[PDB]
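Asker: Okay, here's what each chain looks like letter by letter:
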Amino acid sequence: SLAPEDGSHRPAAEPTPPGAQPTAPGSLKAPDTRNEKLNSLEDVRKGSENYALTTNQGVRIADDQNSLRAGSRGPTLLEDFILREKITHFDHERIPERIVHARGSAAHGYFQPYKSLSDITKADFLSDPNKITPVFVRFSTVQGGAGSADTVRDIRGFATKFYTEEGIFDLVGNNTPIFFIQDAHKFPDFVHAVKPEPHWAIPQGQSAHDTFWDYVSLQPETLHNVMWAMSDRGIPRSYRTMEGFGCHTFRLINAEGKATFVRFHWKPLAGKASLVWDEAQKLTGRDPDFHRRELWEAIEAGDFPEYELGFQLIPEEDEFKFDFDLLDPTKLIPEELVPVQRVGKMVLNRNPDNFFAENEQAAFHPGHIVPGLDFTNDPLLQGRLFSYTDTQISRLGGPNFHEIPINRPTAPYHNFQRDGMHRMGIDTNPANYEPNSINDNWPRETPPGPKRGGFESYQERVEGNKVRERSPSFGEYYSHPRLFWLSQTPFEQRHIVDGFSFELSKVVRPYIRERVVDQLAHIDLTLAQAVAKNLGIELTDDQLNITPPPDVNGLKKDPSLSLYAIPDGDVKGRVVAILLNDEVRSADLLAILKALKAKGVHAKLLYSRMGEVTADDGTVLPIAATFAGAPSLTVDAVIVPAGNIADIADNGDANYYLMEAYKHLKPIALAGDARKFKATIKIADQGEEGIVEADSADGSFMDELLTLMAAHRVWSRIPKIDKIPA
Amino acid sequence: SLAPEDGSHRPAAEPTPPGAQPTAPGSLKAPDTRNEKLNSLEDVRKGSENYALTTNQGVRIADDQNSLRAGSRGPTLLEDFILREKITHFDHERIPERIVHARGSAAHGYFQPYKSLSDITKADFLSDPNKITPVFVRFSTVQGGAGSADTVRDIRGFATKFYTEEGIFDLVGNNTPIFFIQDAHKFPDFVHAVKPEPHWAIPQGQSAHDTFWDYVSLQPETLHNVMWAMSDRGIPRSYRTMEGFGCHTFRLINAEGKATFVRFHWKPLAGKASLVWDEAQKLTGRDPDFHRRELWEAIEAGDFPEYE
Amino acid sequence: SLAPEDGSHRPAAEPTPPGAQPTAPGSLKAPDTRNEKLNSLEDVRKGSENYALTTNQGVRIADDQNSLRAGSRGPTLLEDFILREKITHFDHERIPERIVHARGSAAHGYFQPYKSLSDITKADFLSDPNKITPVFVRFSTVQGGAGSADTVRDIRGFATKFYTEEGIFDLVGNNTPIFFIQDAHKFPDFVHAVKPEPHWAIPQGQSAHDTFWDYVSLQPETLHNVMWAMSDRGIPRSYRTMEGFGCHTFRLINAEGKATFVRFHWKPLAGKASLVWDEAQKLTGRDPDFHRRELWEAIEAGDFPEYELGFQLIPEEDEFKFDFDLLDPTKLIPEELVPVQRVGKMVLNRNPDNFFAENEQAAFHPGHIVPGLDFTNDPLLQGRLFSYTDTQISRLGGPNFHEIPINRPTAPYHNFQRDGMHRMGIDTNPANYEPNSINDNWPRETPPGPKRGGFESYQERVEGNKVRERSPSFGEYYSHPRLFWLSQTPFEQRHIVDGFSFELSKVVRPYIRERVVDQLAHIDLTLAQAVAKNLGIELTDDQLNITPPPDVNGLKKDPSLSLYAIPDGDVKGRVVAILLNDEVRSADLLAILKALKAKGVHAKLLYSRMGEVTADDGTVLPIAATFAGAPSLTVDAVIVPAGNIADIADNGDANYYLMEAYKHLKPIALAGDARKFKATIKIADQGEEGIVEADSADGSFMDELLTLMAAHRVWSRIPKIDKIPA
Amino acid sequence: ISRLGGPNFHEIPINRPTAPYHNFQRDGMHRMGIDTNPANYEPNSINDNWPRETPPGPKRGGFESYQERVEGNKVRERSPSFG
Ligand code: HDE
Ligand code: HDE
Ligand code: HDD
Ligand SMILES: [S]
Ligand SMILES: [S]
Ligand SMILES: [S]
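Chains as they are written, first to last, in the entry's author numbering: chain A, 28 to 753; chain D, 28 to 335; chain C, 28 to 753; chain B, 420 to 502.
Simulated from the structure, these hints should not be mistaken for lab results. Misleading hints may appear alongside valid ones.
Distance ranges between label pairs, derived from CB positions [stated by the list, open to error]:
# : chain 1 : residue 1 : chain 2 : residue 2 : range
1 : D       : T276      : C       : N404      : 56 to 64 angstroms
2 : C       : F349      : D       : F291      : 43 to 51 angstroms
3 : C       : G312      : B       : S498      : 36 to 44 angstroms
4 : A       : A39       : D       : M254      : 29 to 37 angstroms
5 : A       : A30       : C       : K158      : 33 to 41 angstroms
6 : C       : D316      : A       : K372      : 55 to 63 angstroms
Ideal Cβ placement from N, Cα and C applies to all residues, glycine included.
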């Protein structure tokens, strides 16, 4: 029952490209990668090699294959305490999943600022470009359960736990700059509306159902984040290729006591990229773990996810200077009006060891701030502060959740709190209250000040009556959806139309669809008309005459709202499928792999069976996967080298591979007789932008292919894909 | 008044084919379908129409659109107990999912024997062809979570709760007549091997990964149920078109004290039918709720699932 | 600084007698004490001196006196995360108490065997006289809640966690050798019956109510342990002065595979000693924490509780050699038939740091055995095996209760169990199953063997049908109660009579008293008639004529069953009240204290107020407590030195002090004019045995008093007490 | 939430209101009430928005907080009047 003699059961502890080695726990894959938080977990990491198998009480087990029974065909006996411990632990493995964001994928890393920000914040982690802060980041979807699929259409969560010298700061953000609703009190209504419906618990991972669109049609405040969800922002290529936002106006407080309003951003250094809907939807079935896997493999490969933290800063005196309210979380601050100032870089460079212990039990909460930061009266943020501490009592079993290893501060913590379920810390303090004389009042309060001081709230002025009332300034719902729509490229606009059209077609009650198209007519008539046409709805004369909402402080558009209007592609970490034949032209493959390696682009070698094939020069080529086993959905581009093309020319799966990739706007490159496949995707002899072709793969051929990949997808192909049956 | 005037928001309370009407809670869709268990649940069913919105303490809520704050742009106050009750209940909605068979779809129905089986068993529910026993049945996959997809390749669970006059009898079976392993002490090894692997929690709803096949390779006792799972048995068209089995030899005991060994079977009256792999896998993406949906809509149409 | 300038807030970190210093956490009181288990808890100990006060997230708090509000008289804001974290933790401090034995007191210590027992067991902890095994021991009552009183009449638990090199071994015993019932299926019935009655939840800490005596009257199997409970065994003086027993036959298994039957014993090296009923009852009012306090103070003083472990050993071939069944846990094995072999010594030498973390969270379970031990078919032990694992899932929050620090093995533990609530260990094993090849099958099973082998059950032969049936061999109920009764002294018999009589008088339904009296008539007529007389019940002619049960294997008594038949007194750690006056004779007091010191006996100096008084010769005498404040219930003897007796001669409290101690059979010593107090307890001029008196407090005055203390109480005094109004 | 096991402690019999209670809260450990409402959110059209909010009034109205005037800065400070 043992390891192969050749050692092939164990992954090399060195960076390796995706699929080259089995994946492994981070501490075993990359044992030399360290940071302060990682090292602090060593008290709880448990190895295994050369140790005896035991009960949890440390009793060695002789036979872990059988229950104790009276004769070898007799009843199992109650005194089998080894059986009952083992089965009891198994019977109690699951804990409640997160109410929202249950599906998520996490890694360790570090952050450092580019320069001291002491002029605007006294936060210690932003104070010195050479002070490194460990982080643990979890990316998530929102609606689906922990076992739902990754590449759904949904908002994404992006939560960073900063283990600072002055306490834990959690920046708990999402991949769009707003939310669907204005006041925390409605959160259970909105979440119930988008979640599976209560009678039958359908659908999983999808807003495409009657209750979501019912809520939206009745609550126009939602329309801004709906526009974002219906765009390709709803279906990112990778957690490495989406933006992060902190969602609310918070405050930075400097040593002098000055408050600046701030909104937080994460800029992906790998660039912004998304799937297209047919690809995303099909990929939920071909690999529901695609984003989790891609994140883990990028880190094992050394393509560490990097993000730049950025702040929009608004002086306190400018609070009212926009035509929207700064505290309204359904409103974004356009970068044309307030630029993002670069602040630092975050690098994720190690996977966890055990997903349950580190990912599933991690608790992030936006109320976990540190001196130098503060809140605002954003009425969504305000209610969040209640929820993230409350929910842990059931999810994590009690108030000692900060003692779960992933959650522990690396900064000291000492206070007079005691007891609670599964209390780990054994307090020696004679006193469990203050003020005390019997321990000379330790641990002691600390005055606020420039560094290492106690937390004091910014003394914001409050004047008003106790009311349950929405601010009149929040009562505008259409201008930001319009700004978003107008900032998208024409192909991005088409994809938004198609997203709404697809979703509303699954709404069973036709009046709901009508009411949504009526809302759309208040944003933009062209959008409204294009969705109506797809639903067989005709706009009324009144709907045709609805005045468009006002520009946002004079803006007709803001290109920073588009995924693609300003090129920002980075190919490093992307992946190509190489379709093999049984006699590959080795000269072609040599050139292909050389050019890919030079740009840090990975390759997977595919064939019609597993095992090996041999190239024209005798090189034995191991096969990563079959055409069907690793579909074009999972790669960025497809290359077909020359050789014995007859071997695959008539293979339905190989032909389909190219039809799917073509339909999904991916670059395709065909060398030598591989150009015979031009017939399957109807490319004219003259060729076509987005199809690289030549007698052989070479300098010029790979440069062209790599240029295409830098632009992500071949948007000019869109008119040609209606026709292809794929 | 937000409902449309034409009343098209509300499904007809009569049998209707899949897609014809929105789906609904069973007591609304089919109020006149009753059995002893369904009737006994009436003490806890809560309606809604014509009732005022309240806290859990029965206090009417005037504004369910806003938190209480000091000024309409000011901070939310701690004394907002309506907000806090509502968000507290939300924050604690979830309970642990089942360790296995977390993904499952269920319905109410009834059982009746063809004839008295008193010669072989004194079980009251099998004593009289005119004795009707309410059931509640839950069909499931095995490996994936509660939010995993329906049409994966996996074993299916088929659990029937019989509410008999002499106590609950649960027949907790699967859609193949055997299991992977021989001794319960190995159950956590086997389940850990098939479940998502522990470093990264991949893959969901799939035995197609190293640790499952490593365990199979070292434990040849598994090969029988593996054969079943690799066949199209692993990818049923519908819970209505798969077989059920009680897995073990049990005993029947009659009034005279005689024991007879028994294995239990369910025969689908709709016939046996399965998908093909490419179809099943693609379907987990196009509709991960396909079997849950099909079961609910068959029942709403009158195509009641029947099993012998 | 809040601490006083003179440092009197901090207890001396050295052994001090009870009352001399405030008590402290063990690691602060006795930092130099250590053992392997205490060392291994260091990673979770939290200090406090010189640290800042923080949130659990490590954020320094500036003001720990106020909530955050909108103006200093305004409403509290939801954004006050520091308030909600602190109040959240408080709100969830409590965990379920233990179903039974909820009230208990615990200490750390160590165990060492006198010689290797490898000829009879391969248990590692017993294999070498140099092997020292850390322990943690919790003593308890059974019925009352965690906040009930110590000196109730009840069975006591005595549970020892041995942290061995081959696993945790928990020896979960009580202070009597048997239990009330035979089969574990009845445990919830018996426990419900003794516990507070379900309509009104009365009475706490008492079996003196209808449902207990109903159950007993209907289940004569209970009578044996009821005899023990009704004797002074049910009201021990101290956890240090009671016996411990393992309750069941277990097995020892040597390296050759030979099984020997064993029953486990603890012998108190401080000797056997119990209160009397009136004293124990009043003491639950005057100090409901008396045994907890006594234990903690003994350890702080260096009077470490010490116990000798002993084994009764029965060869397998002697299973059926007795008049009773070895597996019947209502039957004791008389030491006259099977002597206790001494095995080793345990010493308890360090208090915990935090009572909740170490005591309340500790989990003991008799299924926790190690290679070299095994179970038997005792049907009470059999069902115990199920309960002690199960109960922790709610009490301690889930299946990772072995990760709570006090419960952790010091031995290695490695296995394939994963997850569960509060999971601390982060497993790096690529495998969570076996057999596996991907980690070369580690951690691996270990064959059984002579040392460091895997656990294998002893291959006992099982033969019979599947039945729910009591063995006919267990159907004898009276001979062991009779042997117990006959083995007691006449004063111990009187106290049994009075225990039944007092308990049955609290039973409201008379027929239940009558039914119990009928049971007693089956044990011993003298016993039965004496209890009947106290209840106004007359035994029938049939009752008068019940043949007594047989002797047990020819024995008509066994003096080891008596607390006092065979003297085993030890005065070290006992306490004397010294009653002061405003002008004490300093030469009496010097002599008193000098002799008490030489025998390790403590003293408390008592007066009518606090502060100090001054001796005839100007010596300043500090007062520990007032007469009312430290009643005679709390001491073992009373001494009144000479001097200004007139000062206290008419003090009600001072007089009553001597009356109460006199009533409770305690030694009393009077010097010089303190002899005037002889009037208040009605002592004749020639004196009486148990009252020491002389012109001055020496020559042989303190030897006399110390001799009386060594015999614990003045049993001869019993006839004279009924005439005293106290 | 720890003492009584979860957020449905109002369904424990002694705690239950005798007044009606209806709302859009769902699930939680040991959930007794089986809701038949097609909607679990408001505003909804699919159940004509029931159960519905009630304006405050002299009898049988919804709860509205007294509109006390609040003026001051966000402070952690004891009122001098308490000293
Ligand atoms: C024969 C049909 C069958 C077999 C052989 C097994 N399962 Fe099932 N199972 C649980 C434990 C368990 C063990 C210990 C073993 C072999 C030792 C089996 N299973 C094999 C469980 C963890 O206790 C379980 C999880 C949730 C629960 O309540 O019990 C469990 C579930 C389960 C279901 C689902 C019932 C439902 O709630 O829908 C079914 C149909 C099976 N098992 C069948 C089954
Ligand atoms: C012989 C010493 C003895 C005996 C015979 C029993 N108890 Fe104890 N007990 C639990 C259950 C249980 C059962 C099922 C039986 C016979 C069927 C006994 N008891 C008799 C328990 C409910 O599982 C218990 C409650 C908390 C816990 O973890 O286990 C339990 C407690 C207990 C203690 C307390 C240990 C401690 O934490 O101090 C002791 C000394 C005993 N039992 C002794 C005992
Ligand atoms: C008042 C309710 C509420 C509101 C209005 C929001 N959240 Fe939230 N959020 C929760 C209440 C909550 C929660 C219920 O407390 C969750 C799930 C359980 C968890 O610990 O927190 C959570 C989880 C959660 C997570 C997952 C963190 C993780 O990986 O564990 C993210 C990323 C966000 N939220 C992001 C957002 C964003 C960008 C919001 C827009 C501003 C937002 N949430 C509003
Ligand atoms: S947000
Ligand atoms: S089975
Ligand atoms: S016992």
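Asker: Run every hint past the structure and note whether it holds.
Answerer: So, going through the hints one by one against the coordinates:
1. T276(D) x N404(C): 56 to 64 angstroms: violated, 27 angstroms
2. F349(C) x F291(D): 43 to 51 angstroms: Since the Cβ atoms of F349(C) and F291(D) sit about 49 angstroms apart, the hinted range of 43 to 51 angstroms holds.
3. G312(C) x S498(B): 36 to 44 angstroms: The hinted range 36 to 44 angstroms holds for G312(C) and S498(B), with Cβ atoms some 43 angstroms apart.
4. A39(A) x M254(D): 29 to 37 angstroms: With a Cβ separation near 35 angstroms, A39(A) and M254(D) satisfy 29 to 37 angstroms, so the hint holds.
5. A30(A) x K158(C): 33 to 41 angstroms: holds, 36 angstroms
6. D316(C) x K372(A): 55 to 63 angstroms: holds, 59 angstroms
Of the numbered hints given earlier, the model fails hint 1 alone.
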